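J.: Residue-level listing of the chains:
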Amino acid sequence: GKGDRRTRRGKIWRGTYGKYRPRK
Amino acid sequence: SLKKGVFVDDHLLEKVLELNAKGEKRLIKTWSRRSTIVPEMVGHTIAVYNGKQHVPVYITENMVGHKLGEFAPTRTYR
Amino acid sequence: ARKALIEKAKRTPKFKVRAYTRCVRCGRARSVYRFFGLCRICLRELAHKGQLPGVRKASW
Amino acid sequence: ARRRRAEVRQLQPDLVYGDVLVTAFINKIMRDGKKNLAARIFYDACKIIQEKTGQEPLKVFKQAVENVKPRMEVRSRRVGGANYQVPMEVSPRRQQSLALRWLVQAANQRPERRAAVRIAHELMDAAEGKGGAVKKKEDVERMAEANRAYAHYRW
Amino acid sequence: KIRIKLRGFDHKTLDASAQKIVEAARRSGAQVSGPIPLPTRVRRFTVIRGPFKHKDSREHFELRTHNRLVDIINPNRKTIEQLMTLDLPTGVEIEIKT
Amino acid sequence: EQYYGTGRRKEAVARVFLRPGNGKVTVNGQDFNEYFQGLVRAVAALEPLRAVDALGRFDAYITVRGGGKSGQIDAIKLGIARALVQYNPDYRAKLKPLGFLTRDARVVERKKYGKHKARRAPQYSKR
Amino acid sequence: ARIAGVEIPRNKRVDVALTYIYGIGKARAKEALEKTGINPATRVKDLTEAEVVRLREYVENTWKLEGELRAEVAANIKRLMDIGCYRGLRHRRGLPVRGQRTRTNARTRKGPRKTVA
RNA sequence: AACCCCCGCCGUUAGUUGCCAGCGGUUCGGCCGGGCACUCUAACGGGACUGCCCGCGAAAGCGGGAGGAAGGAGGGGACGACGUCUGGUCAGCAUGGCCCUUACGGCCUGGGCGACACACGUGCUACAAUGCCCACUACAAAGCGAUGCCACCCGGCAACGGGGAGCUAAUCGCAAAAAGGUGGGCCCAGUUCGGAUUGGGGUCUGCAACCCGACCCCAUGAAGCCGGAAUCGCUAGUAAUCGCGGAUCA
Ligand SMILES: [Mg+2]
Ligand SMILES: [Mg+2]
Ligand SMILES: [Mg+2]
Ligand SMILES: [Mg+2]
Ligand SMILES: [Mg+2]
Ligand SMILES: [Mg+2]
Ligand SMILES: [Mg+2]
Ligand SMILES: [Mg+2]
Ligand SMILES: [Mg+2]
Ligand SMILES: [Mg+2]
Ligand SMILES: [Mg+2]
Ligand SMILES: [Mg+2]
Ligand SMILES: [Mg+2]
Ligand SMILES: [Mg+2]
Ligand SMILES: [Mg+2]
Ligand SMILES: [Mg+2]
Ligand SMILES: [Mg+2]
Ligand SMILES: [Mg+2]
Ligand SMILES: [Mg+2]
Ligand SMILES: [Mg+2]
Ligand SMILES: [Mg+2]
Ligand SMILES: [Mg+2]
Ligand SMILES: [Mg+2]
Ligand SMILES: [Mg+2]
Ligand SMILES: [Mg+2]
Ligand SMILES: [Mg+2]
Ligand SMILES: [Mg+2]
Ligand SMILES: [Mg+2]
Ligand SMILES: [Mg+2]
Ligand SMILES: [Mg+2]
Ligand SMILES: [Mg+2]
Ligand SMILES: [Mg+2]
Ligand SMILES: [Mg+2]
Ligand SMILES: [Mg+2]
Ligand SMILES: [Mg+2]
Ligand SMILES: [Mg+2]
Ligand SMILES: [Mg+2]
Ligand SMILES: [Mg+2]
Ligand SMILES: [Mg+2]
Ligand SMILES: [Mg+2]
Ligand SMILES: [Mg+2]
Ligand SMILES: [Mg+2]
Ligand SMILES: [Mg+2]
Ligand SMILES: [Mg+2]
Ligand SMILES: [Mg+2]
Ligand SMILES: [Mg+2]
Ligand SMILES: [Mg+2]
Ligand SMILES: [Zn+2]
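Residue numbers (the deposited numbering), protein chains in the order written: chain AU, 2 to 25; chain AS, 4 to 81; chain AN, 2 to 61; chain AG, 2 to 156; chain AJ, 3 to 100; chain AI, 2 to 128; chain AM, 2 to 118.
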């Protein structure tokens, strides 16, 4: 959920991009 | 977690390095608890401060990467 | 600890992060806007005096 | 709600059958404003509706809703002292809201995994009579007729 | 070639002065595109109305910063010297590119 | 020849261009049945046509943008209504009674202070 | 099959299988598959016997785990325990090791509520 | 009440926003020629007043209908009387009286405000199939940024580091908006639900992350199968749900 520190929904809520999401 | 330069206040080594010469004592009051335990720091006695007094905490090769503050409790009920 | 404390925030004779915000009129520390350099309180007094140009009681 | 009778909120007719009742039933399925699923899910059931029975989903739905239309219910009252459960009439507007609610509520009560099949089976059983949603109707209707005694204070 | 930007708080004066330039520059020189009202920059500021424990009913106001635009296409010296002594602002922010 | 009508709803706005032809209609590229795939209310904006029978007699190049997806369909629902009523005065007689010509004032309410969602008050207590 | 030499994930997709292995997670689950050329979707039950050994040999050697892993994690704490550091003393009183809340919550390291008042 | 503001319909002023809508060209991106139509942009206006028809009525006014983008306060905001609570704050500031004055004032280093056998309030994340995961694809508003937001390429699993273009900003950036669409897998399991906890490795800020930051990766995966007595919010674009911004600030 918006709590899993290791996924899409997690990084969306947490305010970070991280590995489990696009970047540069 | 800091990596470029394993910080540790100079006045720590400035005071202990001269000890590394003639292999002198170890008695010395300190305050830089935020400093790391120097790799070459083994076998010494830096009395760390905790807001009340200096803890005569002895060092060993097991306690190295950690900060010198860890081995000086601040909360009085350990 | 109010005057020698607003003086402390002025000299900046030491490290970077140690300097911090402060109100111009009073000396507050929290709720101090950078734009005006003022605390939320006086800012509301002045804004009712019009001593803050362009500012007006917003509503929508 | 003390002033006016408050106008009943009219809803937009179905973009697939044109009846306002269908969409109303859709809304109960809906959740968190995700009205996208409810419509789809409802029609998903309709797909299974014909697969099982030769009947069209439009009539089977109207048959199901009718069989779960409670003619009478019980409402609590204060006789200036004690508190009975007076049996009495039931507004037309209500009979629908309930016949839809219980339908949806009881729909999720089924064991099936996929939601649509639960509403499809429910709608069949409701139109039939053996529906669980129908029980919540048959059951409530009793409560009323049991207390037929306290009907004097019908107000 | 030449361009002018007029940021300002009091849109009342910034509207009339945006007119003044269009009055002179046009009626004494090249073509000048009419005043273009740009999207306004706005800084609101909500703040606890009271001086203490009352985190609500807090008052808030704004600080608009209106923008208006005007362009003189041909730098005719007839308009250049007039638009250099005829003006008279009070709180407008005039700028000029090329 | 042509027709036109604007449609606003929820920051969303739409220009409706009509041109006699098949059932061809596409808003800002992409086939219409592609810019609203999976969405059930898709055929809503097209409803204004079924009133005038001209469902299979007109084409449409539409320009809609701003706001969210669903609100757009309603902007076209009115955009087209303004269209075929434009280059056809007496068509109004049976287009307002059916209800298609209205801006729909419904818009999102501003969040209030001391609240959570302009109306949802915080959890009350006493303990 | 008994892959971890002790653990025995079976009858379900292989990619999720090795997950149930202690010391193996979702990450190494996807890696081990590719690092031995194996279909992730296939079930553990119906699978090539040769592949069984292949997946086993890899993981059982690539990275330590299980009882020795547990004793490793426990050793890293045993040292803290004896070292006399603040980090260890939080394992001592059983309190959290992140300096986090203690006036409330922290139930996970404190166990159920002791109440009394 | 009304005079002010935002949001609804429309007109005038305005053409670096916008559109082959119109023709031409095109490296087929509104990039170029070009125009103010439209959209948008922020200024001034227009419009709605029970004015019109009907029934009641002394009137005020109410009920229904037509026309209208909008009918009796169209929706939202700003604004809160004489006063009451010996309400709140002398710690924002001001101030009468009172007290200290090598000190009840000043400087720093380290500590604490982060303490935990508990209790209450407010809240976040979930117990899942109207769901979770992975890939692809579409639609916002309002905002903030020149020792600041950083396109684009290179290294890295990643947070980040280096090179480096654009930008006193409707011209450049923060910027994928998520839910949703399509596809695919999971098949009712304390599970691909759930991420608390913790071991190890690591990036950034900043003199400095033991006390005491945040973020990334691997591994470890807890309680929790809808919650006792009790109790809260909301009447319409509202509740519910989904995501984005800013102030504060290294
Ligand atoms: Mg970079
Ligand atoms: Mg760590
Ligand atoms: Mg290290
Ligand atoms: Mg020196
Ligand atoms: Mg002083
Ligand atoms: Mg600071
Ligand atoms: Mg909302
Ligand atoms: Mg608590
Ligand atoms: Mg006109
Ligand atoms: Mg052409
Ligand atoms: Mg033409
Ligand atoms: Mg070409
Ligand atoms: Mg062009
Ligand atoms: Mg050309
Ligand atoms: Mg004007
Ligand atoms: Mg009126
Ligand atoms: Mg009248
Ligand atoms: Mg009258
Ligand atoms: Mg008459
Ligand atoms: Mg009279
Ligand atoms: Mg009369
Ligand atoms: Mg009369
Ligand atoms: Mg009336
Ligand atoms: Mg209002
Ligand atoms: Mg008033
Ligand atoms: Mg205690
Ligand atoms: Mg209590
Ligand atoms: Mg994806
Ligand atoms: Mg992609
Ligand atoms: Mg977009
Ligand atoms: Mg700004
Ligand atoms: Mg700066
Ligand atoms: Mg390069
Ligand atoms: Mg790196
Ligand atoms: Mg790469
Ligand atoms: Mg860099
Ligand atoms: Mg380079
Ligand atoms: Mg340069
Ligand atoms: Mg710019
Ligand atoms: Mg730019
Ligand atoms: Mg951008
Ligand atoms: Mg289970
Ligand atoms: Mg299973
Ligand atoms: Mg230092
Ligand atoms: Mg559970
Ligand atoms: Mg309570
Ligand atoms: Mg209400
Ligand atoms: Zn002040």
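If you're looking for bench data, these hints aren't it; they were derived computationally from the structure. Beta carbons: idealized from backbone N, C-alpha and C, even for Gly. Heads up, some of the hints might be wrong.
[Claimed, not checked] Label pairs and their calculated CB-CB ranges:
#, chain 1, residue 1, chain 2, residue 2, range
1, AU, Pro23, AG, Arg115, 25 to 35 Å
2, AM, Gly100, AN, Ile7, 43 to 53 Å
3, AM, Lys46, AS, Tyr80, 50 to 60 Å
4, AN, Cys27, AG, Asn28, 27 to 37 Å
5, AI, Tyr5, AG, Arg115, 25 to 35 Å
6, AM, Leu70, AJ, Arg45, 33 to 43 Å
J.: Would you mind marking each hint as holding or not holding in the structure?
T.: These are the hints, each one checked on the structure:
no., hint, result
1, AU:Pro23 - AG:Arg115: 25 to 35 Å, "holds, 33 Å"
2, AM:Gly100 - AN:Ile7: 43 to 53 Å, "violated, 32 Å"
3, AM:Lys46 - AS:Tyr80: 50 to 60 Å, "holds, 56 Å"
4, AN:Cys27 - AG:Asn28: 27 to 37 Å, "violated, 56 Å"
5, AI:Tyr5 - AG:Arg115: 25 to 35 Å, "violated, 46 Å"
6, AM:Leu70 - AJ:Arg45: 33 to 43 Å, "violated, 57 Å"
Figure legend: structure checked against the earlier numbered hints; hints not met, in rising order: 2, 4, 5, 6.
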